[PDB]
Amino acid sequence: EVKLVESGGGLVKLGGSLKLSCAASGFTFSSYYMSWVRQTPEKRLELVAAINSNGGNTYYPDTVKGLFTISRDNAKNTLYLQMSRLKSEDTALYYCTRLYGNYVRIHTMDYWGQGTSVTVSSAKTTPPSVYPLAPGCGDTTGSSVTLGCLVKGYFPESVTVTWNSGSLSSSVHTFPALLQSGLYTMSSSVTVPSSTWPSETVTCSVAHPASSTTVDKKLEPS
Amino acid sequence: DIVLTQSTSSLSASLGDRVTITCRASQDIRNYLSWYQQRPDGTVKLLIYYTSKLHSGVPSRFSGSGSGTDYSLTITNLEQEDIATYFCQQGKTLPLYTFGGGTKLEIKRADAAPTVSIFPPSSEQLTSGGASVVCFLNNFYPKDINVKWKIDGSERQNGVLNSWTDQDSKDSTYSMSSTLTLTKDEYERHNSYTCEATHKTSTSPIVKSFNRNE
Ligand SMILES: N[C@H]1[C@@H](OP(=O)(O)O)O[C@H](CO[C@@H]2O[C@H](CO)[C@@H](OP(=O)(O)O)[C@H](O)[C@H]2N)[C@@H](O)[C@@H]1O
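Those protein sequence lines, which keep their order, are chains H and L. FYI, the numbering for the first sequence is 1 to 52, 52A, 53 to 82, 82A to 82C, 83 to 100, 100A to 100E, 101 to 213, going by PDB author numbering. FYI, the numbering for the second sequence is 1 to 95, 95A, 96 to 213, going by PDB author numbering.
Hints should not be assumed to be uniformly reliable.
[What the hints assert, rightly or not] Derived PhoX-like pairs: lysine-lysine, alpha-carbon spacing no greater than 25 Å straight-line:
#	chain 1	residue 1	chain 2	residue 2
1	L	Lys183	H	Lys3
2	H	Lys208	L	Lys45
3	H	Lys13	H	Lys115
4	H	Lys43	L	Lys183
5	L	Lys92	H	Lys64
6	H	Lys209	L	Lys45
If you're looking for bench data, these hints aren't it; they were derived computationally from the structure.
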């Protein structure tokens, strides 16, 4: 504290509505301007909306005016953003921020929350297909050996890959997801000593919380 | 509608050196320019506001300067915590704030060649009618790499997905995964499968391969 914690994000259909919330602590909330900033998946930042201390004036850049409504509650230390007729393009990370100014002007954002993810899309929720990646044949067997797990055709984000190794150790590369034919594909790799596999069983477990699914796939040498 | 341009998208530097990032406004913002640091996990902190004022708790090796339309952020004696993306923001008139597009700050290290692994499709994926060939290229430096796929002596980009990690916080290397997505029939059409890397660590292409007929 100063601390800002967003909530209410998730998956919404095209043309849907959503309300985010942000709880503030560690300062005198009612003394500060506040705003919502969003960061697109292409990583561009933009101001969505701002509000003065008592909430009498709100401020929208012509981009957002007004599919978005910003409001606050100075008793409950809470900032809200309400959104309606959402479009694909409103997919982004939404940050709550406290504004700071001098006596003349509000000009900077001195604290930010962690952000809430919002995904706006028509595509149906889909668990991933998970395929083990074992080296095709033959060698070089090599000093260490790299195994993988391809996670394809899922929606929305994200997934979690857990490698069961099982008391070995190994580090893991997780590769960021990409769109392909409407859905996400990602992959994960793990590297182990060659005298260790296929002697030891390796399994990749993939969870997809939006579908509430989990699959375990054994890395078959054959 | 004031435009901010950070012309440099990315830059490399070594630990200890002096690094300067520039921001150009399309008009006079009268020193109402701020600098933010975004980490790969998405945490954003304010570093510097009103051109040169340090936010509380920010290390004194960050400084800012400028006026009119031209501003910059300098990091003296770079530390690994400073690897991050840096954004400028003009705040002259609420709600007309604009941000620059960001400048990625990468740590320099010795050239490192990629450990390449190629993976045929599992018979499980083939059973379902799909066929994705995957190549991993791990722990390399520098970031610039050109992977392509050759199939029966024909280069292919259609259906190719490439995904890069961030710089690793422990060895400062990069990794990437290239996946060639095909139908089972497209896959069976051909026999020779090559994941070919072009990287400054090798004079000639680093290649990994297999034949379908095995
Ligand atoms: N007329 C005042 C006004 O000029 P203008 O905004 O129209 O360009 O603001 C000037 C800048 O004020 C300084 O703003 C700093 C940023 O907030 C502030 O530092 P702190 O916030 O750390 O306290 C500083 O105290 C302000 N004086 C001002 O010079 C003009 O007088």
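To see whether the hints hold, each was checked on the structure:
1. Annotation: proposed proximity of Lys183 (chain L) to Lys3 (chain H) is violated, straight-line Cα distance about 52 Å (limit 25 Å).
2. Distance restraint check for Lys208 (chain H) and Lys45 (chain L): the Cα-Cα separation of roughly 40 Å exceeds the 25 Å cut-off, and the hinted pair is therefore not satisfied.
3. Taking the CA atoms of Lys13 (chain H) and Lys115 (chain H), the gap is about 9 Å. The hint holds against a cut of 25 Å.
4. Note on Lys43 (chain H) and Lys183 (chain L): the hinted pairing is violated, with a Cα-Cα distance of about 36 Å set against a maximum of 25 Å.
5. Simply put, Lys92 (chain L) and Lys64 (chain H) have alpha-carbon atoms about 20 Å apart, close enough for the 25 Å limit, and the pair holds.
6. Annotation: proposed proximity of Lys209 (chain H) to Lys45 (chain L) is violated, straight-line Cα distance about 42 Å (limit 25 Å).
Against the hints set out earlier in the document, violations occur for numbers 1, 2, 4 and 6.
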